[PDB]
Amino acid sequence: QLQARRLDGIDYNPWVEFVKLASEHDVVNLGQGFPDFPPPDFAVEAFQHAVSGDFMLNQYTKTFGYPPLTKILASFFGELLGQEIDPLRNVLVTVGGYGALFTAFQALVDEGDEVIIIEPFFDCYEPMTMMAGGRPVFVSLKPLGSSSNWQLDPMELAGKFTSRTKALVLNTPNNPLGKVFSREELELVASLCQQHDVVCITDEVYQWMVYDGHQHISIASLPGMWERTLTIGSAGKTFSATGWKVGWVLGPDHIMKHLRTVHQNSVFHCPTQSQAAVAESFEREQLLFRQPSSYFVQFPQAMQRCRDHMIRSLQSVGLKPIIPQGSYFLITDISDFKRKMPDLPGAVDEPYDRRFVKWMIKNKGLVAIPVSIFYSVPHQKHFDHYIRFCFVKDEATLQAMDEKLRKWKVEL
């Protein structure tokens, strides 16, 4: 056959059928995982400055990152992690958090290695593991309810580790659930990674999107964890500018050198001007750190109000929200719908949630993402009764949501 075997089973696209169906109807799109409003002025202005400034910013920068950006990432995140971070040795700028994840998997995961993935998982973790020859090993969080009460059972997790475990992928705050892992939960993960000599790949893109007094804790800051952790961030998720596609990985040289090898043999450079914009945007937030005018203070407070609005609204039609402590997202249990309306049309073994989302788009004008997309196939039948909404939305979008909900109840 023409194509490489590493592509086996990973062409499957869960997204396309729903975006197409959405495009066909008059919908309020709560499935999109990006803000439908502008980034803050200082971020937009930062990009404007980069594309009008020194003309040489139109040319290549350094392979492992634009130096002013790697300098500020090393300083700012070194303080947060309680670690001395060397920009040249410990920081790599990537094409978003996606590119960072891909670079980590391609550097470290080999044929036969196992990778522990925590369900529900950001969906790419599984096919990226597969493409690198790894065998995904799944552990499921155990389910108004709160994302904090979804438990990572210590015995179940410990039982997943074997001599073949290469890495565990931690995502906190979690997409799609919105769970913010506690210190105790991270100490559990850390203990097992140290016991078994496993690398923790930690996807922290939603670091700043935390609510209700919950604190983001970085596992790399725990005793002994810096030397076995890769920490990933996203400028897009940080500054509400998802189309910038700038991310980074932070970690120790003995691991990062391998990510550098992948990087130099794949993209070689990241774009120069967006990196300058991200550096300037961090400079702004560093200067205003913990102050009332800062984005990292103001924005999660605003989005918490959007969250609360959406929680109230969706209950009005019998959806049961699970209150998230972080991220852009909340999930709603649709079990009551499955009980009252079990026989929705769909394909063989098509989980109920996927059929429900299609029904909801066509009949009610609301888009959500079926949560079964974030589960291993063998677990989708059990975890078939949740859907993911995004509340990081313009106030006009939330008003339009409420209009659809009026129609759902009153025209029913």
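C-alpha atoms forming the largest set that superposes within 1.5 Å between two forms make up the rigid core. Numbering follows the first chain given and starts at 1. Compared with the form deposited in another entry:
- Once both forms are fitted on their rigid core, the CA atom of residue 396 lies less than 2 Å apart between the two forms.
- After superposition on the rigid core, the Cα of residue 10 moves by less than 2 Å between the two forms.
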Given for the second form:
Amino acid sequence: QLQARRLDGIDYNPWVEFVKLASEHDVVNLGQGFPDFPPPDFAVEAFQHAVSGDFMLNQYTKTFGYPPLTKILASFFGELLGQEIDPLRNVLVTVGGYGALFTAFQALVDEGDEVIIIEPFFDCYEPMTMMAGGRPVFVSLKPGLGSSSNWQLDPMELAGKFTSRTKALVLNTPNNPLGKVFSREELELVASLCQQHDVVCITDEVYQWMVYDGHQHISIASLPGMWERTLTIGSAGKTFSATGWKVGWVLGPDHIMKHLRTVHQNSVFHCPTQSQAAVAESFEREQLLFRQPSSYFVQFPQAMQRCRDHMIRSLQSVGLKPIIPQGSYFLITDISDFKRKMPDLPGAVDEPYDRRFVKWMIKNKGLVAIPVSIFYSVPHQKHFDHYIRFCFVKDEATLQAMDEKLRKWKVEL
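Other form of same protein, the form deposited in another entry, not the form deposited in one PDB entry:
No partner chains or extra molecules come along with it, only the chain itself.
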């Protein structure tokens, strides 16, 4: 055959369809994981500055990162992590969080390695693991209005997934799609098993600043003994509400990072210069206002908490049952009552109910959500088929349009 066998089984990607259904019909798109309002002024101005400043910013910068950006990443996150971070040895700038993940898997995962993934998971973890020759091993959070915090990571289950073949565990907190914010106890559980079995924790923290109800983001790399076995990933797009900038980073110790640098230099070599300058300027702004009321990292999550609360109240009007998230852009609603009363929606054989339900909801109610079964291993999709994911990081006008659709549903319902 023409194509490499590393591509086996990872050519199906359901997002192309999801994005297609999302725009053409007179619909309210609560499926897209990006804001439909502008980034903050200081961020847009930072990018404007980068493309209207030193003309040499139009040319290549340093391979492992624009130095003003690695400098402030190392400064600011070293403070948050309680860690001294070397910008040249412990920081790599990437093409988004997505590229950061890809770089980590290609650096570390080899044929026959096991990778522990926690369900529900951001869907790329599985095919990225597979492309690198890894064997995904799944542990399912146990469902306990419900709260994301009560979805339990069972210690005996998680412990039994660790083997001599375990290379890495992928921890996503705050979690997409569930909105769970991992507690110190849960991180200590993961940390102890990673230390016991000599496993690297790849930790996806792109939603770090999106935490609600006084819950604290805790980075596992800040725990005792974890810096030397953790990679910590962030995203400028989720941090500054500018998802189209596609700038990300990995933080971690040199002995691991050198292998991500090897992947980087043999794949993209440089990231764009001017978006990196914009991101550096943006972090410098937030660092100087850190913990103050006028800082974006205080204002924004407080705003989005109000949007979350609005959506939670509104979706209940139609009998959807939200699970209250403690963080992220997202919440999920249980649709088990609809599956019970309306089981026979059209769909393919072995098509999970939530995919069928979303198609029905888009066409007939004018609302877009994402079926949560895409965030499960295929064998578990039949058992976790009754949730859908909504995004509440939306303009007030959009949430008003959501309420118009919901009011029309209710009278029908």
